[PDB]
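To begin, one chain is listed below as structure tokens, in the form deposited without this ligand.
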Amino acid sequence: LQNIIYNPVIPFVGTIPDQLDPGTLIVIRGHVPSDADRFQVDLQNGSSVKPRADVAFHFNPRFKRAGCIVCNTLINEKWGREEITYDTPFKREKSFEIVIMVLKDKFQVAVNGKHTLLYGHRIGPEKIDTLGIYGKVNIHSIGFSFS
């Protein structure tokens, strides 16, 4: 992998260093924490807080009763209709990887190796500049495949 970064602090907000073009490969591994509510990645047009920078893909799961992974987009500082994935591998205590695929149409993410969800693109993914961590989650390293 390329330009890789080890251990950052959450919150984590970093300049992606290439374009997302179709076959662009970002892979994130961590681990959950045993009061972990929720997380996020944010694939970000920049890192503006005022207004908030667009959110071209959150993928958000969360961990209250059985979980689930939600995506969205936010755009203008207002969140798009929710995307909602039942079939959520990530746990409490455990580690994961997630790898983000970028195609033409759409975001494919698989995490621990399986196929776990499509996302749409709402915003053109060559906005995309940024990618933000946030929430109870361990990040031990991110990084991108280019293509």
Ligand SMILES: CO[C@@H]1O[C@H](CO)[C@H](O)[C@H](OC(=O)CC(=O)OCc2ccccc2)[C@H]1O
Given for the second form:
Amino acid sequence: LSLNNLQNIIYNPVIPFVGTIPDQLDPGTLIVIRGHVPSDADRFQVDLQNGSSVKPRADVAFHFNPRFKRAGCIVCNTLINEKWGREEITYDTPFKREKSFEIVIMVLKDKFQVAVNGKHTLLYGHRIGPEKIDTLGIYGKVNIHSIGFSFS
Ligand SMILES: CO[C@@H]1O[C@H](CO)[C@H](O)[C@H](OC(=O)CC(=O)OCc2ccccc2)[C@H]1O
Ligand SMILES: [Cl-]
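Got the form deposited without this ligand; any chance of the form solved in complex with this ligand too?
Expanding to the full complex; the earlier chain stays at the top.
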């Protein structure tokens, strides 16, 4: 965790991206993801993970998954011991092919609060303790300009 917090920003990561989060996600922590949905994207996802194991797959405390089929949606879920739980689906989605976005994930004591382009998008209640999250995963069809962290 750099003293100059601007030095913790990750620029132009290759997708698929996996990175260690530089400190624990305590209440008040922000994760800021700037990017662009490329032409013909089907879906992309941001995963807050407990480790980087590929097989068996690392637990995912928070799966945030924009999908571009038909009217579009966002699917949120949690992965434990390689099995998905019950999906929470948001149909009021701000994501579109060939549009830029800024995602802000705010870690609260009880939930994640997600805003896109400065507007509230969704809430996701913690299912796994957020103190187990150490890894950020970005997968699918997206271009990421930058990843930043604001720790309390
Ligand atoms: C019933 O459909 C499933 O809904 C789940 C959420 O409810 C996930 O969205 C899942 O996609 C995935 O399993 C996530 C994915 O695209 O995998 C990429 C990946 C990342 C890390 C390890 C292995 C695969 C999708 O197939
Ligand atoms: Cl940062």
